[PDB]
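Heads up, the chain below is alone and in the form solved without SN-glycerol-3-phosphate; it's given as structure tokens.
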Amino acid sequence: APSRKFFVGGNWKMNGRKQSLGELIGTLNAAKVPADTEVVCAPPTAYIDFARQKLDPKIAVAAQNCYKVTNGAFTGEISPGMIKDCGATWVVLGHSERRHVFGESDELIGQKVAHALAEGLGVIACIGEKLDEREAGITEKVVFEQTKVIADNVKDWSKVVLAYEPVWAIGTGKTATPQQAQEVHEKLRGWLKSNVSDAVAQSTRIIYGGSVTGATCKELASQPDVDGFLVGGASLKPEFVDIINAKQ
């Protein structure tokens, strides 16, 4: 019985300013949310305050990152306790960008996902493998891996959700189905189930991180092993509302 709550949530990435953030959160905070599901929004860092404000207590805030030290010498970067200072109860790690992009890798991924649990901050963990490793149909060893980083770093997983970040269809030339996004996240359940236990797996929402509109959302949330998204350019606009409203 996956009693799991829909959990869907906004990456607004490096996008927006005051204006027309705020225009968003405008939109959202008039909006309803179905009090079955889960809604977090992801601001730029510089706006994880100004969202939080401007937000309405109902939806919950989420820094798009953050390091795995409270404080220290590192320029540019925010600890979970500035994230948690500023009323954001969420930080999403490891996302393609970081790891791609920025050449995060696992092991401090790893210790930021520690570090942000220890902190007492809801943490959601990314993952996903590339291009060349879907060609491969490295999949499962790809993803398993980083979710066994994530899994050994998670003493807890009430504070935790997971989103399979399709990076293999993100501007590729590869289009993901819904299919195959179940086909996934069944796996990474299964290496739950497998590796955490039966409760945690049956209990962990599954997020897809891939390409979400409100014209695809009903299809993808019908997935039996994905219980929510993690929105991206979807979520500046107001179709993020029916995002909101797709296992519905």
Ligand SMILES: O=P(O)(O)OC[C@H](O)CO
Given for the second form:
2 protein chains.
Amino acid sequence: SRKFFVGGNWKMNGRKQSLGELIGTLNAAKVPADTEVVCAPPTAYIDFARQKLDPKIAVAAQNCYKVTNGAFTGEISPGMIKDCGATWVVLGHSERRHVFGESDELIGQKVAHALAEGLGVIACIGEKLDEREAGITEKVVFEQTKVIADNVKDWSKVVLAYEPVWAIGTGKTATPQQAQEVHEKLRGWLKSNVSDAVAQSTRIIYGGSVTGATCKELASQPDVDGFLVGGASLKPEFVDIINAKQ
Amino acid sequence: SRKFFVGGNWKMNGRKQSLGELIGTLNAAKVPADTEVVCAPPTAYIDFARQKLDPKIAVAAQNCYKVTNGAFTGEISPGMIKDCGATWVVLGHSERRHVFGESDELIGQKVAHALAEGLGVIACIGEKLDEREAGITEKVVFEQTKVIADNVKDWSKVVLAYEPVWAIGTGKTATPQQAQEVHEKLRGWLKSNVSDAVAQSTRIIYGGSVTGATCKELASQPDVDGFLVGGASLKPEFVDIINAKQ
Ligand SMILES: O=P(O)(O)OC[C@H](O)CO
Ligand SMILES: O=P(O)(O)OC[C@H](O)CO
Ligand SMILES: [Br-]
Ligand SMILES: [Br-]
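Next, give the form deposited with SN-glycerol-3-phosphate bound, keeping in mind that what was shown is the form solved without SN-glycerol-3-phosphate.
Up next: the whole complex, starting with the chain shown before.
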């Protein structure tokens, strides 16, 4: 079976004192069996966080660029992420796509480079409000997933994260059934376009709203394999989400 | 007189071993009198670099966002930069504007927030090839400088960096006279729109091509107050640029 996967995306939050406190709480949690936990600190704290987190929890960068070095003020490369002791990167997050304008083409190029350099990738996909309302959820997320898949040589290194962007900051609520419906369609895409084996083994994690009170029900959806958690990842509640299958 | 200012923008280059070596070379340089030196490491290495650089050299972040915390995967805030021991940030660099799409509006908002939080800002301006060819250099760089100035409460915390984007990756060469001409126009803008005192005291540094062989002549231009150095900042040659007024 697919190992349950819980990522905590700290986004642009934290300073050393409060992140050290958060890390103490996470280090003290008992990670259940067949559960994989990854935390993504702000870029200025990747090295700091990796030093303080126990190795039972992996560290991800929140983003990277598509070449190993160059004239890209403000960027970091996979080589730097590895040099700081992290082993994952989040790519294609909805904030990168829709606040910072990152294109599918660029995201695919980043995926190829990060994977070639030995990182795991949490590759994020999701449709916006206008896309959902127009009925093109499948067309959008299938094209996003195709670009990712076109840049993957080794699917063991990839986790897909579905973000219901249409239900984040819009007034719409995504129900667990609506989440499950998209996850099933994505898994069917993998079966038809990559292979049945890849479809059965790839974790597809949910990146919409999740709390301690809702995580059990979401995790019980048959095609939801874990979470990419936003705000709750900064709080002790994150430990309850780690235990959503318990 | 205006203190000569030399910034080294390492861009997306370096790993701990080679950056430690570079830092050893810079620590061993004798900084001449009335010369201010600032180095901008990749974001993953701000803290590392500040720990290894002697305090005679300041550390800058290569970019930041416009609020202190929030849902901005891949960003860092001024509060995090200060928490890592850095005291400057580079804002508006041509790669952020023209590779990553950062608007003037956003740059002004970042300037206001970084300054309010106590950082110094190296605020970058410059016109592209099509703008130069259309004869609108002044209109472009004056509007960029106006947005910056509209977000400055304390000009002692600001350095302006002119980047001749029209002469970077285009086949065009900016001559020292062409650089001086723009720096003079920018200083005249400050006189007419801020105050004569601000015009006389604000460093306007050159962000075009500079090497050990050309730095003396550029630094001798009357309105060129130093450099924001790109590739040479990764090499021992950077020490010769520090000494361009000697
Ligand atoms: O970036 P989000 O997740 O806050 O939502 C972005 C939407 O596309 C709004 O344009
Ligand atoms: O970002 P530069 O400095 O390499 O030049 C960008 C130009 O605007 C090309 O569009
Ligand atoms: Br805080
Ligand atoms: Br390297």
